[PDB]
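In structure tokens, one chain follows: the form deposited in one PDB entry.
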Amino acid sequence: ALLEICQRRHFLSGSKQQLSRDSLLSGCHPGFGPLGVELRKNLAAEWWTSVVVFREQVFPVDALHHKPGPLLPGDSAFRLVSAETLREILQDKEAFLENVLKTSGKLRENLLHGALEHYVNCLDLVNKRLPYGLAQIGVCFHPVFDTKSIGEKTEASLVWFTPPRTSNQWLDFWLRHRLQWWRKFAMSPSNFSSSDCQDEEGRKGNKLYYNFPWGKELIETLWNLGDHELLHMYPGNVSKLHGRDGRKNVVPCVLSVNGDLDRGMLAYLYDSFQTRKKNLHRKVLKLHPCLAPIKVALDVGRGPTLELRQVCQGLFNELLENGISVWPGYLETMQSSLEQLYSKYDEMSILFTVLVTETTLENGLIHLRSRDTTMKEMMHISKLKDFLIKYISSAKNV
């Protein structure tokens, strides 16, 4: 149950040793280790492949982390220190901080706002074909209250402009595609679930959750909007907001699918770790091959041979230039044991352990150990690239 210690030993989590679940969920943790950054990169790449590049009419957009003009108080529980919290009662030597809240900037809380700002130009990009998408992965800042803090969350947001008639159909479509995407890569897909919800204005949507050991936590939310925010953004004229559903021009309904990757990456780490009657204890993070930060671990057999580094470096270059991430395990020395090395690589979610021995100079069969099975095999230096590529691709397929 306490796999956070494994996250500490192998740097998938941030620098600080004390990492409560509340900090991880809120986004107040110091950050993620290099393995955590790589896992986030893989997760974001999979999201981009599933949602953006394969899907037609969905385009990237970048929204600035900040807003530079006058904006209403927004989502500030504390009214700065100028209107609600003033020193003493008045304590005024000389103004509302010399600008009140007029010139104050704002840190983005969601990626929807920038997509709505880019709606008109990105509708010009397409030939006003109304089914349209704007996707973006970025960091969003939220206030966190403790009994003032800033929580940073990596969110992938898709803003889908749709004809009003097809809005519910596209809601079901994306609820079906996002849910199955989360189900895929999961060792226990049942832990991912969905729930239909209604907004305070009656605007229905969906919410996806992952069942962490303590309970269900929200990882994604789909919301359908009746061109409310779109019209509020552009109250001047409706003609410039019109897109072509068919031969007719209509103002789109906005479907915002907002998922988080940090709590999404938290959900996959918990899924990988696993719990009765086994009497067989082996701490391993059985991450999906597509999300595992490091695929293969390279080593050297004895070290007196000293001709293993050359071939190991060549294999390193061959694998890296072919898109396989490799752990340079042939530099570390004074290990004195192969069991602890295997345990380490298991806890790092290393799919394969490749070991080059003094028996590789002749009959160049390297030793291969698997994460899933602790079984040793012999495989030629040739076609190892092809075997690993096939493994990753077939894991992608199924």
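Take the two forms, superpose them, and find the largest set of C-alpha atoms that agree within 1.5 Å; that set is the rigid core. Residues that one form lacks are left out of the comparison. Positions refer to the first chain, counted from 1. First, how it differs from the form deposited in another entry.
- Superposition of the core reveals a Cα shift of less than 2 Å for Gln180 between these two forms.
- Once the cores line up, the CA of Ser325 ends up less than 2 angstroms apart between these two forms.
- When the rigid core is held fixed, the Cα atom of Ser382 travels less than 2 angstroms between these two forms.
- Taken over residues common to both forms, the rigid core alignment between these two forms yields 1-17, 303-306 as runs of three or more consecutive residues whose Cα atoms shift by 2 Å or more.
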The other form holds:
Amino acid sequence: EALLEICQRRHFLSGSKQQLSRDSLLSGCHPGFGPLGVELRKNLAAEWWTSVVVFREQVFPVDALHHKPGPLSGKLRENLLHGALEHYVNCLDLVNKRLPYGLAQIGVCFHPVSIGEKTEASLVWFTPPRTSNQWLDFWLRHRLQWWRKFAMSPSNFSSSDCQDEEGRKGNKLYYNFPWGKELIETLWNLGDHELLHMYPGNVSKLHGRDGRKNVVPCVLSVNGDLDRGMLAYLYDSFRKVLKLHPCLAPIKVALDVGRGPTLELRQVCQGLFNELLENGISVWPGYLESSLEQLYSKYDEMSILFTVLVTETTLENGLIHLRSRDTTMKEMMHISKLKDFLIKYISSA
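Switch from the form deposited in one PDB entry to the form deposited in another entry and give that structure.
Coming up is the bare chain, nothing alongside it.
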């Protein structure tokens, strides 16, 4: 309740205070995300993308549409698996008919609740049937590690094993919210049922090379909710403070001023702001405008990593007051050393 109030007040979640709803948040009926929530979800999507698609030569992006033209009067997509399966055939030319090969995408999924929208990151992995379980365990371990990496308390990120109606093996990842455990990701070993259903007859197009023999693959579905991931990380990261992981926190540096002269200090702050922005460090231009305690509380509630204060002293020697969110300590360091310090800190996070 307090966390949601902070999120609404500090522009993580949009809408009125009473409009805020646990179930609406969990189902996709919330009005939307504030700028900070948007930046946090973008950070999560970038981290997921680097983990899955970037660092692998078999995982590729896809552009499945939001609608399903043709007879079943189209309808909104409910899962990203179908677009990947539609992309399965013509994208085998990318890998020269080699197996395994994967397709991944982060898109908008519409589910019947009203209408709810969930931003879901899904990976569809095509596997020769022999190593389906081995690749399933590989992805289970890697995804659970990715979820646990940013957590202050990675014990709350749980895993469990289940079976579907047909009995195929499949795991289910979870996060332990204060009210209870909620699903954040799900893995299934579906097999060739959907691939054959969407490609009836002429199995020659569905074959793939596996040790110089042609094989029809088995699909592994890895589907996780990034919106629920955003909520899970906000709850995990909470003196009012939002101790988000530096790879996820939306705004990293707060840049402020002190007393006069206003023009020269503002020029110094603008130079520092541009220098930080040129190297991928998000800043909060708080120098465009209260007590130090109030500003520090506001920055702590906004998941701000560091606070920089430029005063009259800075013109004389270049020292800027530096404050850390994790450890409530202040230090003075030279201006030219601030950028390298921030880059190092983010890299060492």
